[PDB]
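Taken from a larger complex, these chains appear in their original positions, while the remainder are omitted.
We call the chains A and B, going by the order they appear; numbering starts again at 1 in every chain.
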Amino acid sequence: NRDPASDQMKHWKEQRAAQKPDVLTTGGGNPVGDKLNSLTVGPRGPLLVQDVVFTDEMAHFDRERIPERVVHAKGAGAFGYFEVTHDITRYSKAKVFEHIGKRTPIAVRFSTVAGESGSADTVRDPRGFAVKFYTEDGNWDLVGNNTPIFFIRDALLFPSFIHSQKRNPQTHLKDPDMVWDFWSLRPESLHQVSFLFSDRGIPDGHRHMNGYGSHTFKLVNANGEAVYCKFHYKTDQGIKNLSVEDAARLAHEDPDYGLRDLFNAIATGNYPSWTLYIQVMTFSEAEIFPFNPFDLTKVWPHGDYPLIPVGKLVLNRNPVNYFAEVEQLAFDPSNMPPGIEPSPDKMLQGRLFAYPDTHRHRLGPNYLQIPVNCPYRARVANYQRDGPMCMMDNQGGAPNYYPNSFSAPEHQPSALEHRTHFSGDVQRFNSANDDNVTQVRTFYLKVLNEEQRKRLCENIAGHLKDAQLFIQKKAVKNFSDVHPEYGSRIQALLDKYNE
Amino acid sequence: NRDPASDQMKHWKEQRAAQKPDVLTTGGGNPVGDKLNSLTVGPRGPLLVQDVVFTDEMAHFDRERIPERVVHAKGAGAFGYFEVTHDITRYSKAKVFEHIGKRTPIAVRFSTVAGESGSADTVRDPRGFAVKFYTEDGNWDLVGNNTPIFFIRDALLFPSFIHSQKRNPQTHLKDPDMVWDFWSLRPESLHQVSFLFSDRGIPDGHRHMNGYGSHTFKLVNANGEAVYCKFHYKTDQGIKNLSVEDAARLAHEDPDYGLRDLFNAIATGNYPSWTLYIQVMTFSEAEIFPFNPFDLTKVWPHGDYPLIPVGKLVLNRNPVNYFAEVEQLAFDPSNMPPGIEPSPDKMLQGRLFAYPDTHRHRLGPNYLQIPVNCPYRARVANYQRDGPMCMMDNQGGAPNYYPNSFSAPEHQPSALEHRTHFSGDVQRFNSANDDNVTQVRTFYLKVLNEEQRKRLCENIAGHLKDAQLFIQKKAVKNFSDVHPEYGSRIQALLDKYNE
């Protein structure tokens, strides 16, 4: 006997032994007489187009694939529910927080960042942790990572960052000179790079890491009052990491380690769960906050802004078909129910457009009619019509223009957005010299003990050594600008690695 | 009060007069507060990206259109059923003919040929008359015209012919030179060209015209015995045409005459219906048939092959949304249940490839998952997975390879194709010189009377006069080769038209 994942077909058969197999048909439902031998004129003769059974099957095989995600391509998927445990209605009027005990079906997709579809799971990289809440007020997508921060704070640099993390445009190889020349030219990446090369850069699966909204969001209560918040959902299974040596063995031993881990866990009853906290920051506090409260390279410290518990995320169901239920998942940070709203964070502002845009390209214009993406607990009604692969009644004969004297849908005034005042020159403001070291200094000195610092500089050195010397010198200087010992320890290891 | 097509919204409001209007939501189901005014900074300021309400609607609007059909773009639709009235089980085992009284749902599309999505309905052209049967043995698509014959009898000429009948590649205008230079260089079009320019080239709507499969098809019964057959579905409302004078007036007074006529008839309960007939030709009749019995430019004379009734087609239901239920309709001649098989007709052999092919482009690789395209009265079980816009569970976690020892769907031996013997060189045989006149001489002399021959010639000269003299001179010869007086009458009207 083996693990549950290996016995998938065995159990699909046992769960069916009481029936007769189905008739094998064509896309059009036409039963097939023989689907092992093609229609030819004579045993050793050529093929006939009269063999549509072949053309119907081959033509579909030729179109099985779709474009993989531009980032976070390698992913795992599961399904569960979110249950409310405390009361934060004073901050948010979102239906998903209405009363204690409220359950909401969720869908979750873990993922790496840079690897393509076939890459390994146990590698140094951030981890995606997108969560989709199916509320009565529409879908709420919390597209979070395993880290509360990122490498940059402007969306215009994001394509550049991804291009620097992926393959060379001529050799198609992972290029160290592309990784560090970018990081060393943008020191604001110092904070997230220190997280990434720590022990938590390679989690022991998806069940032993936290998730974070990272972005500052906005919560609105029933009175129309607003506060800024962060989202933290911590693992109830405890932080656990893989060492460089073990993570490298599993890289070729089991490229799908975290995929097999998640599936076998839920199958054997071990339902992983996460505890959803929030930090809150009033509008007044945001004005005096030392750093920019909407800078994605900054955290709200815990001592000044403690964690407030909200509810639990539980995963208790596997997918039945991976492609239909995981590959075709689409999380839009633009999907936000009343009571939740975005902050002026430049990074989140770009994500408001990027995700719906790429989905219409990767999946299709009407990707929201795919089952797992549908807001199936909300009544979708508007004046949108047509588009490729329209799957419902297309809202039937309802008037397709607004306004109209024929009682088509109506706007709901209570769903208006919070009104905030802004004044200033419409202009591209230079955010490259916002504090790039302070919070990193605290992490290096006060969060990491001595052993962890030691492993931090060995992981960085082990990867930075491949770059050219002038890139090493620039990166080390940026590490010196955090702590003189931080840099000089990296430099020491580099002096050795350079023979 | 007006016709019921104009009172569509008025009736939609009335059927909703009780309940309240719905909550207008984004595609993600999030209710919108205000969708008549955009999110700006000040009353006269710029637009924000935060306005995801604007983005979500505009983006879908930007993606409303799909590629129209490469032919038969202007279309009218309706739905209904097919009821068997006579027993033809001795020729065919297709479940759709199982017993008298059995009903099978149908979906029909009426169309022109050459015009685009905005062309008038009352123009001189063939009429599409495609019928989709939803049988338990899958969908059966009888994709026929309002003519038993076509202009050509080899598929390789089809892209050419259609190019000739559409717009010049430079001027993007209807070019008579392109029209007649092809018809005159390929006199096989004589037969269908004679049909086209007579009185039935412009039918008074879609309810006053016949429908034919034109192709020779093969029927197979329960013993395995096979015969060839034609399909005729004759209008029970009576052949009724439009004059050239009335057709031109309606071309600008009501570009959507046929579309409106159909809708109003069904709405007021005046349901149109047709009577399906078949001709039967034994295998030994096909060897002695004076012409090529699979020639698409030929018919089977009624005297030697009478009409055998089968059942009734009845259209009693209008579309609720035109785009979802008619524009996305996909007919594949290769959708054939056991009991109905293709003949060696060179044209039909090509249509087995082109319709599923063009549909993967127009609609999508998984277009058979669109509700109106689905075979929703059969069980579609097979080893095809994935593809963009997968809309069911994608067959779950069923084994996806064949053969397997895990009890996935099996092949049904009874559904094997009837077996014919062929012998001959594999080469490109020349069919340009099959009798191109005989069956036209019969139509011109024995079917048409004095007045109908006169109008036939006038309609030809009224359009052939715009072609160069060398193209006219050749076309006239082909008409003289049918019957001398045929070319003389045409040439006598061209001598005048050329001043």
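FYI, contacts are C-beta pairs under 8 Å (C-beta built on N, C-alpha and C of every residue); 3 or more make two chains touch, one makes a residue touch a chain.
A.B. asks: Count every copy of the one sequence in the whole complex, not only the 2 placed here.
C.D. replies: Per the structure file, the complete homomer consists of 4 copies.
Throughout what follows, only the chains that are shown with their structure count from here on.
A.B. asks: Using CA atom averages as chain centres, what separation in Å is found between subunit A and subunit B?
C.D. replies: From the centre of subunit A to the centre of subunit B is 46 Å.
A.B. asks: Within the complex, which stretch of subunit B touches subunit A?
C.D. replies: It is residues 8-10, 12-13, 16-17, 21-36, 39, 41, 46, 49-50, 52, 55-57, 59-61, 63-66, 135, 137-139, 141, 320-321, 323-324, 328, 332, 334-338, 342, 349-350, 352-353, 356-357, 360, 363-371, 375, 377-399, 402-404, 406-417, 422, 426 of subunit B that touch subunit A.
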